[PDB]
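Single chain ahead, by itself, as structure tokens, in the form solved without this ligand.
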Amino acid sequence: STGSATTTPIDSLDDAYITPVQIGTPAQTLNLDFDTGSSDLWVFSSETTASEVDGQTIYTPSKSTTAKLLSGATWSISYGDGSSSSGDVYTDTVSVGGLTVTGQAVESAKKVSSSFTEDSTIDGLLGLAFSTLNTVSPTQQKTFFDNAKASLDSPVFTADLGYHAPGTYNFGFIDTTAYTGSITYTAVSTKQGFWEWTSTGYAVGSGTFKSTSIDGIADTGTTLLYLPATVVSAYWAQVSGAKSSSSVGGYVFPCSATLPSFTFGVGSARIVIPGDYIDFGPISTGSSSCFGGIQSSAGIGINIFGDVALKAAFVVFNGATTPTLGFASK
């Protein structure tokens, strides 16, 4: 089997991407944020505290003939930005882009933090990291990909995120029309539960490539590119007036700037992030200070190749017995 679904930016900045997902019988379609940095499929629901729902579409298990309470199971998760959610668990039929999994754990939110409530465009998350990170207790649950894997034509999914445009998540096949040149594959460590890999270096603009190992995660659920302070300083030093602002919470730059590109290495291959991808617009409405899309990972504890980086590439998440990651230009 295969599946193919379009993923769409939630706003004009590409702060996140939503993908329609069918849950239950008859189908209830929710728009979920596919997150290769976590491993829970959770949804706003009929169980979510009413004051914490503001415009999201909810899953109502009582209206699904295939929903079953997973008795005794609870979940609770926190994200890198300090947001969180928790609740109980149902199993139900879940389809993405024509690919169907029966008996998928659908984690129903009883509580969500304010940042979720305040974003009416995201109805939940669909985790695509390794199932070892799944938070369901006392019986850990598998991700949608893990459940689908054996049925797929090939044990892969691909992320093809757009810059200020829709893109595609495919399951079970590699669309050879969706990228240019060849795909370069690189080793993955699953030791921390992530799609963790090592970039071979970077360049700023038209500058020379610096060969240096940068361990990090391929994370569709993080907006920005978070890299070591040395790397980030070298990038922003090429932008007149750019500075790190503790009050704003990262590097800002004059909105009048033209940003340089940023290149990262994948083995001997190179992925170029155009400068415009690194512009996250005014820090507040009407400001002439703009927020940078490359930020320091210092104090996160891990480097994160988030959407800023991934949207510059066609990315293969190869879930074979020994997982790997592939990157191609597009």
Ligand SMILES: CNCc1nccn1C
Second form
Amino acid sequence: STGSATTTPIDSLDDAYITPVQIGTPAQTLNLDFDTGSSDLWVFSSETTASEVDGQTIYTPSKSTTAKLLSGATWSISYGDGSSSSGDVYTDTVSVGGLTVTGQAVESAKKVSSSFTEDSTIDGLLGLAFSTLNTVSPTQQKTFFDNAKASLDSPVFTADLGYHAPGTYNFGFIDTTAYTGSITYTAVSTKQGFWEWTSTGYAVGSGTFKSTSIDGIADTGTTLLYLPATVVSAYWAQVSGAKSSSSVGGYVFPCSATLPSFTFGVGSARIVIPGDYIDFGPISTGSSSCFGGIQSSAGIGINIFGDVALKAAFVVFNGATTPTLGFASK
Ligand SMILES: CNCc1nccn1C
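Would you mind generating the form deposited with this ligand bound now that we have the form solved without this ligand?
Every chain and every other molecule in the complex is listed next, the one we just looked at coming first.
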């Protein structure tokens, strides 16, 4: 089998992407944030604390004839941006772009933190990291991909995120019309439960390529590109007036600037992130100070190839017995 669904930016900055997902019988369609950096499929629901729901579409398991309470199971998760959610668990039928999994763990939120409430466009998350990170207790649950894998034509999914435009998540096949040139594959470590890989280096604008190993994760659920302070300083040094602002929480730059591109290595191949992709707009409405899309990972403990990087590429998440990652230009 295969599946194919369109993924759409939630706002004009590409802060995140939402993909429609059918849950239950009859289907209840929720718009979920597909997140290759976590492993829980959780949704706003009829069980979510009422004051914490503000415009989201909710899953109501009592209206699904295929929903079953997973007795005794709870979940609780904290994300890298300081947000969190928690609740109980149902199994139900979940379909993405025509690909159906029966008995998928659908984690129903009883509580969500403020930044989830305040974002009306995201109805929950669909985790696509390794199932070893799944938070369900006392019996850990499998991701949608893990459950689907055996049935897929090929045990892969692909992320093709758009810049200020829709894109595509495919399951079970590689769309050879969706990228240019060849896909370069690179080794993955699953030891931390992430799609963790090692970039071979970087360049800033038309500058020379620096060969240097950068270990990091391919994370569709993080907006920005987080890299070592040395790399990030080298990038922003090429932008007049750019500076790291402790008060704002990262590098900012004059909105009048023209940003240079940033290139990252995948083996001997090169992915070029256009300068425009690195502009996250005014820090506050009407400001002429703009927020940068490349930021230091120093305070995080891991480098993160988030949407800023991934949207410059066609990305293959190869879930074969030995997983790998593939990147192509597009
Ligand atoms: C904005 N913070 C919550 C959130 N929304 C999508 C992902 N995450 C972690």
